[PDB]
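Heads up, the chain below is alone and in the form whose entry title says "outward-facing"; it's given as structure tokens.
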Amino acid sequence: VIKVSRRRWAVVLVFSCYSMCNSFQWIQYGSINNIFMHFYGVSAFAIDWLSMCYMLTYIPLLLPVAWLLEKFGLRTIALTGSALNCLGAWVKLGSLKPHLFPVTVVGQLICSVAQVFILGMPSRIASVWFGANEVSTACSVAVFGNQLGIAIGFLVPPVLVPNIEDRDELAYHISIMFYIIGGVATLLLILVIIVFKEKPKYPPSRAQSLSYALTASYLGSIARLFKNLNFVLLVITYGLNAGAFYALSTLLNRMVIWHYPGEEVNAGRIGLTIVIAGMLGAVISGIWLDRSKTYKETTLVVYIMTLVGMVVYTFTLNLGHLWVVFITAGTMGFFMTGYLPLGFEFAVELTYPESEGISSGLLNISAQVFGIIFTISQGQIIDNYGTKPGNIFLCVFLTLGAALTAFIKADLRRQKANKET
């Protein structure tokens, strides 16, 4: 028998809330980066790592984490992800001194480990909890919540922490943010204990009901995922797109100031528009995918619009019109962020009935690997040859992704399971 539980929204809302808190702490150091350099007496690279350590810890630690999800369950993944997020939030509090910088790195590394229990999870929570006609919407909401934390992270820290020269008052203002983040993370950890269940009493869809029957080596599951030609192409293409987004969002601030000097206030607005429009695209992508069930056609269409959005952004940023950059960043952020739930759900189509944590996780490793490569590479071309070769470097690599995306077969295995009747 198949039934849909009413508490599915609470689980996603709670998951989106404490993924919002975890994603907030990724960017809270970079939002007031100019302040933390003065407080801790460190260079901008040190602070920029505090945000880049999220990507470099995901690459090696995902496979052990994905193994924990299969063996222990989703609730243990949620508790550990919430507890480490809460533990990392509290460790940051004990670091409110100019000479006590390493405690933040220890606190940030603990949070960065908690990301491994977060970023690959949204497709897993959506599958276990939500039905066939709302499975892709739930994944978008989790990405909506994760992107909301970034969106909140741009404007909340700068008003909680004024750029005051006095150190003792600056520590007090920074302390208030840490208490609030520690307060909400502990509050959300409390909710995860009582809200997050291991699984609903009834399977939501025929895909999950059949998955529980046709679900032993963990490395065998890894091997069969890479035996899939379609999934391997999707792993590369998703990394080419999501990795470009990480390089685009990180280097967006320095690219605008290169052409529009003295617009740091607007550069943050532009960097907020790419996220403000980002979650609107993510939610729309979830509803559109579930209404039409065209996962392959949307993947190519969104990927091309990502490419066209990057081409128009590259060749119109030079013209000197500020509102044009607002539209191009918003439009590209609309599609690139909308590709994240589309990529997660299309991977489940190609890799059914393999574990959604492994399938969507392997997309994330490619996103981190290409995001790290692009951020280091595009930063080098911008410094040496200019900003336009750096943006074209993403246009050329996104062009390859579109070509490889067209080679992905429309092998929707989960859809076949639903329609078996």
Given for the second form:
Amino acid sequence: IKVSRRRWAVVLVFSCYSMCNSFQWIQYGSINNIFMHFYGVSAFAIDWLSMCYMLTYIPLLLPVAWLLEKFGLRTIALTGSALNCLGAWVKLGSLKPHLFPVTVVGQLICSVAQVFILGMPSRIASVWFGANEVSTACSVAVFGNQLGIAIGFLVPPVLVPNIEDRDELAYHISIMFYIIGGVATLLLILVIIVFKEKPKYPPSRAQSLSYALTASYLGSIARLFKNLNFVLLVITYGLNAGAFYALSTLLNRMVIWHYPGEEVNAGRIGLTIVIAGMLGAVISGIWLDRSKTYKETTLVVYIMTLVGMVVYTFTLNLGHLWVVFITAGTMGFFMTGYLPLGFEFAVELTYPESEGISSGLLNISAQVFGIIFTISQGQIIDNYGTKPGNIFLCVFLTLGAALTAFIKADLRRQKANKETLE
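Having seen the form whose entry title says "outward-facing", the form whose entry title says "inward-facing":
A single chain, with no partners or molecules, comes next.
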């Protein structure tokens, strides 16, 4: 058993094109106010580009899990990157006001690329890393996806100003499409040369035993719903992660609703939410490494998310840009930091079930509730304004906060750990 230098190269290249793919998810959402003008469509149409990532994940996750089990790690890496690259190049042919379905086709291809991407941050961690480095590698791969949202918020409004000239607008969006298409192609070329089917030597004793050994997905998902505590977590995780998806997808229509212009700052706020959550996730992760208070920390963070969501809901109105930056970062510290926290707490209640099944069902719950939230809050924003849409998120987070309080600390991994110790 030996570890290899290439393990980091695989992580960064995956994290780079996972960042690239998550760039394309919010690519339209981060500059939603302008893509409305370019294609001449209503708001609900553009969020579907971010929502088609969410709608496609639900039915195709199980077939993609089947593909990974047969064709291995590398083919999913190539297929995810190639579809991300192909979807990026397709968007070049959509640079006209009358070619909106073309970018939908391209975004669907990128959305079909996501199921090959979000499923294997933890999968790469087990294949390439030793036991102590799995949690470090898994975080970096996941934070790469989050960094894509942050970079996908900051960059697109810098490249594309708000201009009503259709032809100059087509010119700037082309540059973003060219860079993202160029970056995806470069990453695809990198994926071809650095990704390998298997390491040279097994990286850990756990991985070596897996290779030496070598239940089903249908059986695992069936037994998981027996655990009431896990069922409660899935509903609450979807209530929180789905709220973040709706908040980030609709962030343009609310920040620019009260602040005309300020597309570049609205991207920074989106970056601030994601970046603060990245800092908040690390703090919570290290805190759990010493305290192991998985239930108490999760409930406090969920409550702090509710207070963070409530405070941002009522501070968005006064019109002070800096206070919106502070509370969005304060909310993101807990709301975005909960996203990796929920996966860690899910393994607590589901050990020894594999992380893939637990993360996948939480991912489905995030997609399902995100779509419900995005559609509903989108209709609430149009019909009743931005604050009721945010309060609508607060109500479900209040329900999520109350529901998490009834979750019992059935930390079966902790029981298993102390059983091995004694």
